[PDB]
Structures are given as structure tokens and as C-alpha cells.
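Below you will find one chain, with nothing else, as C-alpha cells; this is the form solved without 1,2,3,4,5-pentafluoro-6-iodobenzene (IBF), and questions on how it binds or moves follow later.
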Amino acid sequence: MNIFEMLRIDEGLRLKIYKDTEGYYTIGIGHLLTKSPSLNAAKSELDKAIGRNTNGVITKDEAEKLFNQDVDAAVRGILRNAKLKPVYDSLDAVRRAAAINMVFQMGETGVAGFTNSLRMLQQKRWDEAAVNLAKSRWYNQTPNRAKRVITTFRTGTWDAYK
């Protein structure tokens, strides 16, 4: 397992524009197009992203391309965030994949607000971090996914994804 297979499992793959768990237009592997309620707006942002008139539909390769850019962007975001980087550099490889998953889902911003959890992770207090992580709107809204990521930070293994 790795970061790509992990997010491919949590996000799925859809080749036509769809609405995500929050009702926002998305496509591919969890690639958010816009928070706007306008489908047109979404179609415009997709065309701009792909570089052609897609008419709301993309191929597998194109979805995979957006995905690669999105993961890379997520890592880069972490390394650029002063609150995130130190945590991230302190973790082992498996747990770093968990941190990337969260950033991919909720943004650098969103994750950087889990102050207390971040500090517990930095201290390697796994069980405590796992309990604090679950006290969040994130866990109550997407509990199955949150549980998989949480177990990942807790154990340092990929058992939740096997």
C-alpha cells in the first residue's frame, strides 16, 4: 500500500462530474472543482483544469493526471506550512500517508486547526491522538473514512486498508 492506493480507496473514481459528501462538484479521484452551486461554473473549471472542452466527462488517464497533481500539491502544502511540516517530518512513512490523506480531504488550513491532535502526534502519543482526532466534525460527517485514517495514525500499519 501507498498514498495513491490509499486515497484511491477513500475517494473512488468517477469520470463524470458528481457531487461530493458536502454537495460540491467534483470529478475523478476526489478532485474538487468548485464550491459553487453552478454546474456551469463546475464545467468551466473542469475545462480549464484539463485543457479542452470536456463537456463534463474525462478519461481515466485524465483523472489520474489530476490525481497526481493533487497529491503532489498536498505534500507540498504540508512542507510549506509552518504548523504542519514539523509534525510531518517527525512521523514514520505510514503515518505520513495518513497526514497527507487528511490534507487532501480537508485542506492545509483545515488540518492545521487540529492543534491538540498535531501536538499528540508529534509526541507519539498514538492512542491519545486517536481519541482527540475523533472529537471533530470530520469524524461525525465521514466516520468510516475518518476511522480508517485514525487507525492508521494509531497503529502505524495499513491494517485499516487491508
Contents of the next structure:
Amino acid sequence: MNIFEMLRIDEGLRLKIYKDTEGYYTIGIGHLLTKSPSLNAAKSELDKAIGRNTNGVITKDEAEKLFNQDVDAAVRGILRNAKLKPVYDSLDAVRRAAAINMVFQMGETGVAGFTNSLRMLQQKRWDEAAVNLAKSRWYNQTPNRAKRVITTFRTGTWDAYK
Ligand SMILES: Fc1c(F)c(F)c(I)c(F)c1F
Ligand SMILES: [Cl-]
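After the form solved without 1,2,3,4,5-pentafluoro-6-iodobenzene (IBF), can we look at the form solved in complex with 1,2,3,4,5-pentafluoro-6-iodobenzene (IBF)?
Zooming out: every chain and molecule, the one shown earlier first.
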């Protein structure tokens, strides 16, 4: 198990434009296109991302390319943030994957609300951090996925993805 396999499980793979859990146009392995309700706007973002006129359908290779870019971007986003970097750096490789997962799902400023959780994670107060992470819109809206990610933070194992 690794970050790619983990996010592949949590996000799935769809080669046609679909709406994500929040109702937003998405493609591939959870590649958010736009928050606009316009399918045409979404198709435009897709074409821009792929570099060709797609009309809402991509290949597996194209999906995986976007996925690689997105995972890369998530990690880079963490390290660029002078406040988030220390927490990330304090973690083992398994928990780092859990951090990337959350960033991927909500954006580093979607994680702005997780300040208190982050503090407990840096303190390695795993059970306390786990309890705190669940007190969130995130957990309530996507409980199955949140439970998996939280278990990964609690244990530092891949048990939730077995
Ligand atoms: F740097 C970090 C992040 F940006 C983050 F979102 C989470 I959840 C983390 F646990 C973390 F360490
Ligand atoms: Cl599930």
C-alpha cells in the first residue's frame, strides 16, 4: 500500500465527467474540474487539463497522468505552507499518506479548520487526534472515508485499507 493505491481506493476511477460527493464536476481519480454548475465550464477545464478537445471523456492513461500531478501538487502544497510543513515533517511515512489524502480531498485551506487536530498529531496523541478529527463536517459528510483516514492516523498502519 502507498498514497497512490490509497487515493485510488478512496476516489475510484471514472473516465467520463461525473459529480463528486459535493456535487461538483470531476473526472478520473477524483480530479476536481470546477465548482461551477456549468457542464460546459467543466468540459473547458477538462480540455485545458488534458491539452486537447475531449468532450468530457478521457483515457485511463490521461486520468493517471492528472492523478500523478494532483498527488504531486498536494504534497508540494503542504511543504510550501510554513505552518503545515512542521506537522507533516513530524509524521512517519504512513501517517504522511493520510495527510496527503486529506489535502487531496479538501485543499490545504480546506484543512485550515483542522488546526487543533494538527496540533495533536504533532504531539503524537493519536487517540485524541482521532477523536478530534471526527468532530468535523468532513467526517459527517464522508464518514466511511474519514474513518479509514482517521484509523490510518490513529494506528500508523494500512489496516483500514486491507
Ligand atoms: F501537514 C499536514 C497537512 F497539510 C494536513 F492536511 C494534515 I490532515 C496533516 F496531518 C499534516 F501533517
Ligand atoms: Cl466505503
